[PDB]
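Participant: Construct the entire structure; sequences and hints are all you get.
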Amino acid sequence: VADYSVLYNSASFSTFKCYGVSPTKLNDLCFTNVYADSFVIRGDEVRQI
Amino acid sequence: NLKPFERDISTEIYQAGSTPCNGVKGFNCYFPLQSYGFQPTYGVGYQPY
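Quick mapping for you: the protein sequence lines, in order, are chains C and B.
Residue 394 in the deposited numbering is what sits at position 33 of the first sequence, and the numbering runs on without skipping anything.
Residue 485 in the deposited numbering is what sits at position 26 of the second sequence, and the numbering runs on without skipping anything.
Derived from the structure by calculation, the hints contain no laboratory data.
Just to be clear, a hint being listed does not mean it is correct.
What the hints assert, rightly or not - Label-pair restraints from in silico Cβ distances:
1) B/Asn481 - C/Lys378: 17 to 23 Å
2) C/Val367 - B/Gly485: 31 to 37 Å
3) B/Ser469 - C/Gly404: 33 to 39 Å
4) C/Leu387 - B/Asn460: 18 to 24 Å
5) C/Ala372 - B/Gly482: 39 to 45 Å
6) C/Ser383 - B/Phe497: 18 to 24 Å
7) C/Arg403 - B/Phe490: 33 to 39 Å
8) B/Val483 - C/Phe400: 30 to 36 Å
Backbone N, C-alpha and C fix where the C-beta goes; we use that ideal spot for every residue, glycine too.
Facilitator: Structure, rendered in structure tokens:
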């Protein structure tokens, strides 16, 4: 069970962007599997993702 | 969402998503109004109907 309230509503990170679903709707919604892809890039390459 | 046969003529800056940003753009909201990209030289998808 993952808590997305401290990950989003706390506003402890720099920025976030959502696609197709609101960030406040992720508490009552979920799918079959969840993955996390960790990588390091530059600032000018953020828009390329 | 707007119900069938409902009119809103307001052109001002209001709430976009589920989190009100209180007027002026910022606080992880976006600018609601957008403009058409119609180009005479491109294909069918960009042609106005």
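Participant: Decide, hint by hint, whether the structure agrees.
Facilitator: Evaluation of the provided hints:
{"no.": "1", "hint": "B/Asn481 - C/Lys378: 17 to 23 Å", "result": "20 Å, holds"}
{"no.": "2", "hint": "C/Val367 - B/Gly485: 31 to 37 Å", "result": "23 Å, violated"}
{"no.": "3", "hint": "B/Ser469 - C/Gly404: 33 to 39 Å", "result": "37 Å, holds"}
{"no.": "4", "hint": "C/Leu387 - B/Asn460: 18 to 24 Å", "result": "20 Å, holds"}
{"no.": "5", "hint": "C/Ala372 - B/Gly482: 39 to 45 Å", "result": "19 Å, violated"}
{"no.": "6", "hint": "C/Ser383 - B/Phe497: 18 to 24 Å", "result": "30 Å, violated"}
{"no.": "7", "hint": "C/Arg403 - B/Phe490: 33 to 39 Å", "result": "27 Å, violated"}
{"no.": "8", "hint": "B/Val483 - C/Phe400: 30 to 36 Å", "result": "35 Å, holds"}
Violated hints for the displayed structure, listed by number in ascending order: 2, 5, 6 and 7.
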